[PDB]
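Student: Chain residues, written in single-letter form:
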Amino acid sequence: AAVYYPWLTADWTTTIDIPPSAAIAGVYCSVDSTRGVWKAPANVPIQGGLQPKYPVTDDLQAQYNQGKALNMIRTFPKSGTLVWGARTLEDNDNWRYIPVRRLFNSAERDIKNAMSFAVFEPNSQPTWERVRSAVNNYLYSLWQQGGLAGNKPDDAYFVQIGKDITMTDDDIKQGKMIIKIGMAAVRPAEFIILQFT
Amino acid sequence: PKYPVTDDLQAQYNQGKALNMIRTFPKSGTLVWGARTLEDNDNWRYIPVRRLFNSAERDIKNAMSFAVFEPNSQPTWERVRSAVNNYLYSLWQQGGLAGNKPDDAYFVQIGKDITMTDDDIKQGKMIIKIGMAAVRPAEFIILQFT
Amino acid sequence: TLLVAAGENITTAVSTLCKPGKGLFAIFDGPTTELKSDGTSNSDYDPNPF
Amino acid sequence: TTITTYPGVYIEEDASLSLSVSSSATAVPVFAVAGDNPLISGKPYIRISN
Amino acid sequence: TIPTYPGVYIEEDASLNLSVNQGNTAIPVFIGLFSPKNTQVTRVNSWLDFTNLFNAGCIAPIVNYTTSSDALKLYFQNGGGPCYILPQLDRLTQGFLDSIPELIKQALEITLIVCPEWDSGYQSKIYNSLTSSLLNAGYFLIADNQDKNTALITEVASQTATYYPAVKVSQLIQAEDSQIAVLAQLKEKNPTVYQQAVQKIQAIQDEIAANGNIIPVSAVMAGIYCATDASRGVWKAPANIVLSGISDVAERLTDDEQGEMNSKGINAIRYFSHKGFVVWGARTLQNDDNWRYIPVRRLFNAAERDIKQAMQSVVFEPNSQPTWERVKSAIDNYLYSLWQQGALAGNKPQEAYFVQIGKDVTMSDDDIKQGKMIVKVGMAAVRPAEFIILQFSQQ
Amino acid sequence: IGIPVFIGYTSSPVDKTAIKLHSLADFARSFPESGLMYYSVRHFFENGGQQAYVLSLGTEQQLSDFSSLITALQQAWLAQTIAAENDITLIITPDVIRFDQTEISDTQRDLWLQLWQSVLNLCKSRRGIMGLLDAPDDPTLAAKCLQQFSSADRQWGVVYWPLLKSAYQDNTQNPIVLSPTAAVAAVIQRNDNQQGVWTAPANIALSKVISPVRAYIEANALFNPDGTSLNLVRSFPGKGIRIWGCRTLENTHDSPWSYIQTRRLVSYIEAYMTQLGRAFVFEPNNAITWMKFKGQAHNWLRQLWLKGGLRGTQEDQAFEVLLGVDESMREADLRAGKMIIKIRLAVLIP
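Chains as they are written, first to last, in our numbering: chain Z, 1 to 197; chain X, 1 to 146; chain D, 1 to 50; chain S, 1 to 50; chain U, 1 to 395; chain P, 1 to 350.
Please keep in mind that the hints were generated in silico from the structure rather than gathered at the bench.
Heads up, the beta-carbon is just placed ideally off N, CA and C, and yes, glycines get one too.
Be aware that one or more of the hints could be misleading.
[To be verified] With a straight-line cut-off of 25 Å between C-alpha atoms, the simulated SDA-like cross-links for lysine to any residue are: (1) U:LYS369 - Z:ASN94; (2) X:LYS122 - X:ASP103; (3) D:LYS36 - U:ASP255; (4) X:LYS61 - D:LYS22.
[Stated by the list, open to error] Computed list of chain S residues with no C-beta within reach of chain P, every gap over 12 Å: (5) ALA27; (6) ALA34; (7) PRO38.
[To be verified] Facing chain D, from chain X, some residues (calculated, C-beta under 8 Å): (8) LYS17; (9) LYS27; (10) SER28; (11) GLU39; (12) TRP44; (13) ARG50; (14) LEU52; (15) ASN54; (16) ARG58.
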C-alpha cells in the first residue's frame, strides 16, 4: 500500500476536493505505458491542471518520508505540480520502494499465468528444459529493457529447477515441481548527492 | 497588435512556458516572433521539432496500415525498410534533417534479431525502430569579431 | 491536424486530446490584459509540449 | 558569456588582452635647485620644456 | 506498450536526455531604503526602468538621508545588468530581518547581495541578517569596509568580498516635491509643517555638500562583476577594471598601505596616473589555499548551481548503468566546454576535471538499496596572477 | 554614413524631438538666423555637409552656467530620441564655447570631465555612435584633463582643439569663434562619400577659417604617443588650414580603437552584419543555411577588400568567416537554438 497527500482541487470543483488516489491511479497507467512498471511513478506532472490543497515545505516532507511514508504532491516554480515520493508503508530494504514491489507483482502474475499450461505435464527432464527456457527468455527481456540491474544476465536473475537442485525424490513422488527464481530489481535514485573537490 | 512589446519584456517571457510574441518592427512591419512550445526541455522546446515528428508519425502510420496482416518474414522487412528509408531520405534532401550524411540523420532498424525476438514473432508483433535528427531554428544569432 | 482556441476556453479539450501518437497540435490565446512586468502571467497555462 | 534571452541577433567583440612593449623616453632629467631661489619656492616642482 | 487490437501503435522514446547549460552569474539584489511608486522584491531592467517604478532622490520617504538612488545610478553606469530591489519601509523591525533570507530565495536568479546604504550601523544589521545557510547555498556578498586597519566580521568569510575606500561623486539626484513621499500635497495643506520638514531637508543637503558626496563602493563593484562576466568569464578576476563616472576616491592609498590590507583580505581601490581609478584586489575574507580569490569561489558557485539545476530531472530515474552513463556524459560535456574557454588549468582534460559515478567506484550496494546516487566532480580552477615577478639576469 | 546631430539652445522654442535638415533653406524654414549653433550649422553646410539633425534643450536665453548645461544634457528624453532615430551617428555640442575659462582649479577640471562622460553616456544609447568633444582653452588644463580622465568609454570619444575663428561676423564687427567639431563633421561626410569610412579624416583642408584661436607651439604637450592624445587643427605655411590628428581618447597603445577610422569602420561593418543577420533569425540551422550566410558575407567582404578597406595581399589575411557544426559551435549549441558566426578582420594603420 501507499499513501498520497494532500487532496487536490481544480477549477470545476466547487465544495468537495478530489481524493488524491483517483488522480494517482491515472499516473500509474501513463508511467507504465511510457517508461515501464519498474520506473518510479514520481517526478511526473499531473496532467489535469489540478492543484494541491495545502502547500508542503521541503522540511515538512522530510519529517514524513521515513517509516510509513506519505508521498507528497508538491508545486515547483519551474515545473508546475509534480508527484514527489515513491515509498510504500514498509521501510525495510526489500519493499521500501513502490517500483520494486510493483515489478515483482507483475512478474509473478505473468509467470503464474504461463505456468498454468504445465500443471499436469510429466515431471521429468524434458519438461524442466522448456520451463527454464520460457522463464529465462522472459527475464532476459526485462533485463534488456532496463528493469533489472546487472552487468551480465547472471548478475540480474537466475532460474533453478532440477532433480537434485530444487526438489527431492519424495517431492516428485508427491506431485510437486519447484522452481526458484531470483531477480535484481532496479531501485529509484531518490537522493542525488554531488561531491565537489 | 493591441499592445506593444519591448525587447526586454519578451526576454522575460521567453523561458519555460513561453509566450510567442507578435511584434511590429520599424523596417519589416508586423512579424511573428518566437516559436517555442510550453515545454522547455531539449526534446520539444520548439514548435517545428514537435510538428515535424507529428507529420512523420502520421505519414508512416497511414502507410503502415497497408502492411498490417502481411507475412512477418524477411521479404516484408526489406519492403518496409526501403519505404521508410526513401521517405526519410527525401526529408534529408529538402533539409528537414541535420547531418553531413544520411546515416548521421536517421536510422531504421527491423529484423529477426535486431528489434524483435522469436517470442515476439509468435505473438504477432513486428517492431520498427526509427531515429530522427530534426533541424532546429536558429533562434539566436551570435556574431563575434576579433 | 491543428486545434485552434478561436477565442474561448478549450483547456480541458486539449489535455484530453493532444497526447503522444495522436498527431494533434494546439494553439492557445494569450492574456487579454497588459503583460505583467514580473513575468508571472503564465500560471494559468499547463506545460503541455503539444 | 552572452546570455541569450530574446530572439534576435547578438554582437560580441574579442576582449582577450593584447600585449606588447612600447619604448618610453629614456632621457628625462631632474635638476636640483637651491633653497633661496624664488622660482622654485612655494611650489612642488616646475616643468620646463624650452 | 501492450497491444490489444490489430493495427499500428506509436511509441515515443521518453527516456531522459541531459544537458547542463550555463546561466546568469551576476544578478544582484539591493537592500536599503527605497520609495516605490506603487505599494516584496521587484525586478528592474535598467536605470530608466528604475525611474518608472521608484522615486529617485537623496531623501528617504518621511527624515533620513539615502544614497540608494545615487548608488544604483553608479551600478548601471558601470555596465550593470538587470537587478532586484528589496525596498525597506518604516522602522527597521526584527520581522524584516528574518524575512530577508526568505525573500531572496524566492527570486531564483539572485546571485549577489549588496547593501547600498551609507550608514555603518544599518549595513551591519543587514549583513548579520544573512543566515549562514543562505550564503553557503551559492550566494556571494559584497560589503564595504568601514576602516582601513581592521577587516569585517562575517558569518561566512569564504563567501564575502570587502572593498575600501568609498567613492565620491560630484552631484547627487535632486527630486521635486512631487517625488518625495510622506510633499506637493503637504505644501498646499499645511505650509507650517512643510517649513519644519524643509529645514531638516536643507540641513541634510548642506552636510552632504560639506563632507562631500560619499557613495558606498559595493554598488559600483556589483556593476563591475556583471561587466567582467559579460566580457570575460566568471573565472576572470574582477580586478584591474577602470571605474566609470566617478569624481574621486575618499582616501588616497599608497603601495605600502595596500600591502598591509591585502594580507587581511581588504580589496583596495587605487588611482594610477597611466590608467585612472582601478580595482586593485580580488581576494575574499578567507585566507586558505582553496577559497582565497574571488574568481575561484564564484566559478564554483556557478558550476554547482548549473549542475544542481540540471539534476532536478534525474531525481527519480532508475539507479542503474544506463542512467549513470547519461549523467556522466552531460557533466563531462559541460566541464569540457568550460576547459576550452580557459576556465580550468591543464594541458589535457584528465588534469583539468574528472567525474566519477558507478556501482563500485562511488556507491555500494547499501547506498543503492537506500536510494542514494553519489557523483564525484573535480575541477581545477584557474587562479589570478596577483603578483608578477620579473627576474632579470645578465646571462 | 555619419549623420551628425546638433544639441544646443535655440532662439525659437520647439518640441523635444529632433528635426531633419538637408539644406540651409530648411534650417531657415524652421529656425531664425543669428546664434552660435546656427553659425556652426552654416559652417557645417558650407564646408560640404549634406544633412544633419538638430535637437533643442530649450530657448537661447535660458543659459545659466556650466553645471546647468551638463544637467540639461543628462535628461532622459535626449537619450531615447537619439536611440529611436536610427541614422544618427555623431553627436556635436557647440554650446560649450559660450562659457568663460575663469580659472584652472579642480572645480573647472572636473566639470570638463563630466561633460565628456555625459556625452559618452549619450553615445552608448546605440552602438556605433561617436562623440565629438571640446577641450579647455589653455593647454595646461587640457593636458590635466587628458591625464586624469577615467572612463571605460574612452573608445567612443574624439576631442578637437583649439577653437576656431571664421569670417562670419555679428552686427558688431567681431570674428565669430566656432568649435572645430562642426568643420570636421562635414569632412567626415565628404570623406565617407568620396573616399569611404576607412579613410582617415586627417591631413585635409578646411574652409572659411581665418586662424586657430591659439597657436602651434603651445600645443606640443597635448599630443601623446601612447594614449590620451588630442587631435590638432593647425594652420600651415602655404597649405591652408589643416586637420592634424586622427586619434581617439583610447589609452592602451595596443588597442585597435586608437584611430577614429578603425573604430568607425568596424562599426560600419557591424551594422551591415546585423542587417544581414536579421534575415536569418528563424532559418533552419543546417548546412544549407550556413553556406548561404557564408557566401553572402564572403562576397560583401571581398567587395570591401578590393576597395582597399582591408589590410591584406590575399583574401585569407584580409578576413575570415567561420560558420558550421564545427569550428564555430557544437551539437549542444544547435539544440540550444543559437547560431555562432566568427569573423576576423585586419584594419589599416594611418
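Student: Min Cβ distance, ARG58 of chain X to chain D: is it shorter than 8 Å?
Tutor: Holds, because the Cβ-Cβ distance from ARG58 of chain X to chain D comes to roughly 4 Å (cut-off 8 Å).
Student: Run the C-beta distances from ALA34 of chain S to all of chain P and say if the shortest one exceeds 12 Å.
Tutor: holds (26 Å)
Student: Per the CB criterion, is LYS27 of chain X less than 8 Å away from chain D?
Tutor: violated (24 Å)
Student: Would you assess whether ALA27 of chain S, listed as outside the interface, keeps its beta-carbon beyond 12 Å of every beta-carbon in chain P?
Tutor: It holds; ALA27 of chain S is separated from chain P by about 15 Å at its closest Cβ, greater than 12 Å.
Student: Does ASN54 of chain X pass the interface check with chain D, least Cβ-Cβ distance below 8 Å?
Tutor: Holds - the Cβ of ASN54 of chain X comes within 8 Å of chain D, reaching about 5 Å at its closest.
Student: Is the straight-line distance between the alpha-carbon of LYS369 of chain U and that of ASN94 of chain Z 25 Å or less?
Tutor: holds (8 Å)
Student: Quick check on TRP44 of chain X please, does its C-beta sit within 8 Å of some C-beta on chain D?
Tutor: Given a least distance of 4 Å, the restraint on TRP44 of chain X holds.
Student: Between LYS122 of chain X and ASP103 of chain X, does the CA-CA distance stay at or below 25 Å?
Tutor: With a Cα-Cα distance of about 31 Å, the restraint between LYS122 of chain X and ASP103 of chain X is violated, given a limit of 25 Å.
Student: Decide if the proposed pair is consistent with the structure: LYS36 of chain D and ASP255 of chain U, CA atoms, cutoff 25 Å inclusive.
Tutor: With a Cα-Cα distance of about 52 Å, the restraint between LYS36 of chain D and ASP255 of chain U is violated, given a limit of 25 Å.
Student: May I ask you to test the interface hint for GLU39 of chain X with respect to chain D, counting a Cβ-Cβ separation under 8 Å as satisfied?
Tutor: Holds: closest Cβ of chain D sits about 4 Å from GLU39 of chain X, inside 8 Å.
Student: Measuring from the C-beta of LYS17 of chain X to each C-beta in chain D, is the shortest one below 8 Å?
Tutor: Because about 5 Å separates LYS17 of chain X from the closest Cβ in chain D, which is inside the 8 Å limit, the hint holds.
Student: Hold the hint about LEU52 of chain X up to the distance rule: shortest CB distance to chain D must be less than 8 Å.
Tutor: violated (11 Å)
Going through the hint list in order, the structure does not satisfy hints 2, 3, 9, 10 and 14.
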